[PDB]
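**Student:** Residue strings, one per chain:
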Amino acid sequence: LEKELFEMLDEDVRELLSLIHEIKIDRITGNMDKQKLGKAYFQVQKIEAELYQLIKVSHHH
Amino acid sequence: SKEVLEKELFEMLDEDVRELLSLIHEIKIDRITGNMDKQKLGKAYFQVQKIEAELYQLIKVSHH
Numbered sequence: 018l019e020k021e022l023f024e025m026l027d028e029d030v031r032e033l034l035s036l037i038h039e040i041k042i043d044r045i046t047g048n049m050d051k052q053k054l055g056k057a058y059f060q061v062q063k064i065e066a067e068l069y070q071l072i073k074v075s076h077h078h
Numbered sequence: 002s003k004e005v006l007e008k009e010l011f012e013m014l015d016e017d018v019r020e021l022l023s024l025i026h027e028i029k030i031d032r033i034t035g036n037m038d039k040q041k042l043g044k045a046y047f048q049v050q051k052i053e054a055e056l057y058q059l060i061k062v063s064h065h
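Protein chains in written order, with my numbering: chain A, 18 to 78; chain B, 2 to 65.
So that you can see chain A by itself, here it is in the shape it has in the complex:
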């Protein structure tokens, strides 16, 4: 599922950029970024888990 891992990684990482951008603006519109901060939190955890799986796969695992 290396094909899929890479696909998800790229999609999740893009989404994270967007999310960081959205949060930057949310602060400056004086806005509730809380839910978006938390969503970002889980997003990085999910990337970490996918990169960890990528490392297992790359290792004859």
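Careful: at least some of the hints might be erroneous.
What the hints assert, rightly or not - To give an idea of the chain A side of the interface with chain B (calculated C-beta under 8 Å), a few residues:
1) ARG31
2) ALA57
3) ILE64
Since the hints were made in silico from the structure, they are not lab data. By construction, the Cβ of each residue, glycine as well, lies at the ideal position given by its N, Cα and C atoms.
Following the hints, complete the assembly by docking chain B onto the known chain A.
**Tutor:** Below, chain B alone, put in the same frame as chain A:
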């Protein structure tokens, strides 16, 4: 000085995530290609962990 500690955290995050993306892109190429240097994968692992610690700071700083 939390407004500059925030503004720089936002900057680190953006650059670090953009880095992570390029890395995903380069690592893919390396796989299709059988490149023996796997260093971009471990740099990618390092990048998420550094993104994780930055975002955590940004959270702790964003709200008392």
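**Student:** Are the hints correct? Go through all of them and say.
**Tutor:** Hint check results:
no. : hint  : result
1   : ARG31 : holds, 7 Å
2   : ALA57 : holds, 6 Å
3   : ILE64 : holds, 5 Å
Violated hints: none; the structure is consistent with every hint.
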